[PDB]
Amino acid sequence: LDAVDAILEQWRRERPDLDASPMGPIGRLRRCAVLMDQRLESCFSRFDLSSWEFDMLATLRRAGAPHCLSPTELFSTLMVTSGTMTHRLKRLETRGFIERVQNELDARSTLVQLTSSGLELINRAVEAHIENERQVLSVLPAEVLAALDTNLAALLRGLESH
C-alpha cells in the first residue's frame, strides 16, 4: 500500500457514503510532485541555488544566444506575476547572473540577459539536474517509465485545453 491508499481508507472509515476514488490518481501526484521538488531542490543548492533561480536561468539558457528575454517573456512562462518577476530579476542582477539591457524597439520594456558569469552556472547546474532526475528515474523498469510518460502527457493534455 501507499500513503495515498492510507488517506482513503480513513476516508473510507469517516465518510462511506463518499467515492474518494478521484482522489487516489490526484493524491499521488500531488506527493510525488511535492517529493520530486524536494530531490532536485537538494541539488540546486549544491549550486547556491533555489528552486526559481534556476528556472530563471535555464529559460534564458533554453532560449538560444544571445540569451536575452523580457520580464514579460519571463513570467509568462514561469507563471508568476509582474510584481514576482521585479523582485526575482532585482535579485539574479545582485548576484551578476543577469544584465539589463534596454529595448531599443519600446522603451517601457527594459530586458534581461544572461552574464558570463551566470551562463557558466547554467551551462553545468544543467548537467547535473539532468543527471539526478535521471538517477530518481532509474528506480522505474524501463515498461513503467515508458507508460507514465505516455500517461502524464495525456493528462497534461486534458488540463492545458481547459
Second form
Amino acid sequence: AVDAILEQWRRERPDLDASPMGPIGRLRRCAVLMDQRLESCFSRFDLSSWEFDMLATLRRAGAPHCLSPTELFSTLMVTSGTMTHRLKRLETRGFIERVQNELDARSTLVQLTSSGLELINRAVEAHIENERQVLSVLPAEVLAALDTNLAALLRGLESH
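Please give the other form, namely the form solved without the DNA, since only the form deposited with the DNA bound has been shown so far.
FYI, this one's just the chain on its own, none of its partners or other molecules.
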C-alpha cells in the first residue's frame, strides 16, 4: 500500500522524488500497528503504554526503585512531553510516590510502591511473551537484520 502511495506521487508530482516517503511510511505504519499490539497486553493489567514504561523504568533501576525525574525521563523506552500530569496520575493510582530528596529540600524523587512493583513484575513477563509472539511472524535472520538497521537509523536520529 505504501508503494501505491509512491506511485500516486510519481503520477501527480513527477517534478519531485518521493522515494524518501517509502521507508518512513513503512516505519510509522509499523509503529502504529506495534503500539496497538503492545497496548492489547498492557490493557489486561489496566495499564497504558506510558504507565507501563514508567513502572518498568523504575523497576529496571533496581531496588529501592527510586529515580529522579531526570533519571526516569532519560531511561524510559520512549519519551514524549512533560511527565507532570502522568506522574500525578500514577501517584493517584498508588503505583508510585513522590518523595522528598534528602539531599535537596527543594526537589523530589519518584519511588515505585509495593503495589507498583508487584504489578510491573507480572506485567513485564506478559509483555515479553506478547512481544515474542508479535515478532514470530519474522524469521530470526530478518529480525536480526531489522534490529541492526534500526540501530543504525536510531544512532543517526539521535546524533541530530
